Structure formats: C-alpha cells, structure tokens
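Just the one chain here, the form deposited in one PDB entry, laid out as structure tokens.
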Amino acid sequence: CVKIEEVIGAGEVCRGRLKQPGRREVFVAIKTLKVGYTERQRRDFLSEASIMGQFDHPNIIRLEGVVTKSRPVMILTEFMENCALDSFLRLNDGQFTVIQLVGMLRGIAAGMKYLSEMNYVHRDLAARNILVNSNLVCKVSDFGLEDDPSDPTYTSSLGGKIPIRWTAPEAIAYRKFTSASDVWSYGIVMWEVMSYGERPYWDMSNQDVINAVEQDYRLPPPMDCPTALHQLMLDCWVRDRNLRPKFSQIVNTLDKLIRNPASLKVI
C-alpha cells in the first residue's frame, strides 16, 4: 500500500505515494522513526499519530494513515507542495500581495479556532510548523522536520523544550499553556508572515527576549505592514492573557479587513 519516492530531510521525512482499496492514489509525506527504535520512543511517536488523527479541518494537516504492523513505523500525511511557511516566504520575499498574506493568516487562525474548539493547546505554533500547498492554503501541523545554536529555537527546559521567541511570557514563567498562550504565538506567526520569514527579535539573545517582553518591549511593525494588522499583533501580545482576542475574534477581524481592503493600505 505504501510506496516511497524521495528523501526530504532527517527519524526521517520522505515523499511518496499511497493507494487504499476504494480511493484513488494521492501523493504523501512519510514520517519514519530511526533504526533501532526504543519502547518509549515508539510510544511517543504513536501518541503523536493519535493526536493528528482526532482532527479534520481544511486548515489542519490531514493524516492519511499510520503503519504499525511492520517495522519501521510510519506516519502518512497529504503532501504539501510548498513545504513549511517560513522557508516558503523567505524565497518568495515580496512576491505576494497583502490580501494573499491576510488569506494565509486567516487560514492559520481558522485552523487554530478549530483546535481551541476541540480543547487542544498546540504549544508550538510557529511558521516552521505551518505547511503550504500549491493553492497557498496554510495548514497547522506539528511533529515534523537553526539560525544560531548559541540562541537556539528550542531551549532544553526541564519538563520539555520551549521555543522562547514564540512562547507567551506566562507559559515561559509558569508553564501556563492555554489557547490564550497559543494566541500570543499566533501574533508571532503574523509578524513572521508580514516580514516574509524574518527571525523574531533579531540579534537579541534568548534571555534578552524574555527580559525585553517583561519590560513591555513589543516587535515593531514589519516594512509596509498595515497598521490594522500590527494592532492585531499587539492585541495578541497583551501581557494580560484574558484581554488577548480568541481565535474566533482573530478570524472575524481578518474577515473585516478582507471586506474593507482600504484599511490594508494605511501604513
């Protein structure tokens, strides 16, 4: 049933084909586990496959199937042509209209609205975890495939790795991970999108980021970013987590900007 085609990255992420008795052949992404898999590693990989299988939404990565009967174990998903959002934007620097970028952000927010409705807290919302297809539809993902190892994207923190640049201050400080801390991460995703995949906080060290945020520093609007979009980022980054908009309100605000495109001209 599963046929491999080419290796993408390093277990490993590969491209291939899948055929089931009743449905037509579709291109798939195959997440494999490294040779000589441990009982705990196999349990962690399958518990991740079980999470993805619970969801069904046009802005959430679709799980096509899972291989359990034969080694190596596999996670099969629908192949997303344009790969990760951050890498896709960096090579397409200034090649999209504001409306297209807003549509991408609306898709991400619709996916996040669905997750929050299912009572699921993502914890790692970032442009590197958003996949893009040929039609520019953005899909929220996780458990898939480094600018400076001195200021790593993830910090080895006791219980688990934390991406400091994308994490709400209360989730860094007290591990208070909620849909509101995912909204903070979404605000960082908005900034990554409007900047065509720049590194949040630039040269600032990871410790500088925590200190600056605590002292009310907020990322400036990227070049040519409409004021309304930046204001929405600032709303996502309220220190009071109760005042941050819900994903349903973000979707509503983005739709209001799409209906009134003149508001996307004000820079």
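In this text, the rigid core denotes the largest set of C-alpha atoms whose superposition between the two forms falls within 1.5 Å. Numbering follows the first chain given and starts at 1. First, how it differs from the form deposited in another entry.
- In a core superposition between the two forms, the Cα of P72 is the only one among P152, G197, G103, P72 shifting by 2 Å or more.
- Relative to the superposed rigid core, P58 undergoes a CA displacement smaller than 2 Å between the two forms.
- Superposition on the rigid core between the two forms places the CA atom of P220 less than 2 Å from its counterpart.
- Core-superposed comparison between the two forms: CA of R259 displaced by less than 2 Å.
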Given for the second form:
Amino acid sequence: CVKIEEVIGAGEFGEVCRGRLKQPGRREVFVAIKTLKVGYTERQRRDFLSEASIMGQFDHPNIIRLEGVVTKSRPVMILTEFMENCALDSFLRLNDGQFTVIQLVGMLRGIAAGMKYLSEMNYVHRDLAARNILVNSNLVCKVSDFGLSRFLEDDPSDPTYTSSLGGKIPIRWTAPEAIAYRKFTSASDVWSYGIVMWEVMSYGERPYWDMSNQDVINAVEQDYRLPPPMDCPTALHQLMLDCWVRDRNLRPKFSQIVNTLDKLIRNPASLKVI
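May I ask for the structure of the form deposited in another entry now, the form deposited in one PDB entry having been displayed?
Next up is only this chain, free of partner chains and other molecules.
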C-alpha cells in the first residue's frame, strides 16, 4: 500500500517523509508520511495518534486531508495528501511578485473558508500563520498543523515562539488578549488571519520587522498596526484593520471575511484602489 520515497524533514514524534499510496481500486498518488520514533514512550504513542484523531475529524477542501493511519505494524504512520508547493511563507518568499491580486485574494478566500469550517465546530487553532498553511500544485491553500518541527527563523533573539505554561505562543501572530490572559477563541484566530493576510500581500515579509517581541506587544497596546504592504489594495488593508480591532467583539467572523473576499472577487475593479 505505502512506500517511502524521500525524508523531507523531522517532526516532534519522529520523521516526516514524501512517499506513494496505492489505494485498492484508485490511482497512485503522492503522500506525506509521519513516522513514530524507535523507542517511544506510552505518552508519546497516545499524543502522536491523538493528533491524527483531531485531523481525522475534518473534511473540507481548504483543510489538510488525512488519508489513513497505520496502527497494525510498528513503527506506526500518519498518511496525508502531498502539498507540492510546501509551506505558504517560503513559497511566497521564492515567488515574489509572480501572482496577480486576484490569485492572492483567491489564496486568502480558501484559508478563510477553511477557518470558517473550524470555527463552526468550535475549534480554535491557536497557531494560524503562513508557516502552517500548505500549498498544492493548483495553488489551493490548506490550513495545517502537527507538521514539520523546523520552520523559518529570521532572528533567534526574537523567536517565533515564546514558552508559556499552557503552551508555546507566537507573539507576532497572537491577539493581545490571548497573550495577556490566554483568551484563545475564534476571535483571536481572526487576529491571526489578519496577520496571514499581511504575509500574503507582502510575499512573506516578517510581521513587524526589526521590532522585538516585547516591542510588538507594547506597540499593539499603544494602537500601532502594521502598514499596508507595497501596492496592496486599500480594501484588503481595511479588512486586516477589522481583524486587528482591540475590542474582540467587533472583529469580523470567518463567514463575514469569506463574504467580503467574495464581494471583492465579484467587483475586481474595487481592488485597483491602493
């Protein structure tokens, strides 16, 4: 059924590799295979498999699909569909200025559609960032998690994640109430989405640049907000500003985000105003 082709990276419970899957009756496809490390503990086997149960609960075109889970043979495997263009952040950094605005709004509409599905089921992601968005050959963007351990680290002195009692926290992507009081809701994912919008419109620039993680929290509290990226339509920036309102009750819902993006797609002339 499954054959590993090449080790593409490492995960927190073992290795992550590219391979092939032969379904009985269906055509052979390229898949991503997660393996459990040799000499694993009772907790590690439970934690690795529980992450498959979370992913296995979702069926949507903009959410990474779980093909199957191997449990009979040791080491155990998690099998998901292959995403040829890899992580959205690196993909945009390599393809700088190569897409029209319509194509970028299309990428954003998919992420928003995927996040709307998650919000319906009262699922809070807690780590929505372009680094956790996977892209396929048809440029379809999918909300991911529990993937590669490695990620882009622009400056280890202002790391992407800061350790917290409950969990790791990505300062630049997290809502100020989430940072301050661990108030993680679908409204704090909306703040993260706004950050993702800015990542997509800037072709993978670092949110807040040179500013330290502490300077970000302070600037945000003093009502600073990221400026519009170069040649970004005003409507999109205004949408990012709605996502970044301090009052979390005024931020749009993911269904409202989808509707605004569909409205901009229906009237493409509106996207000329910069």
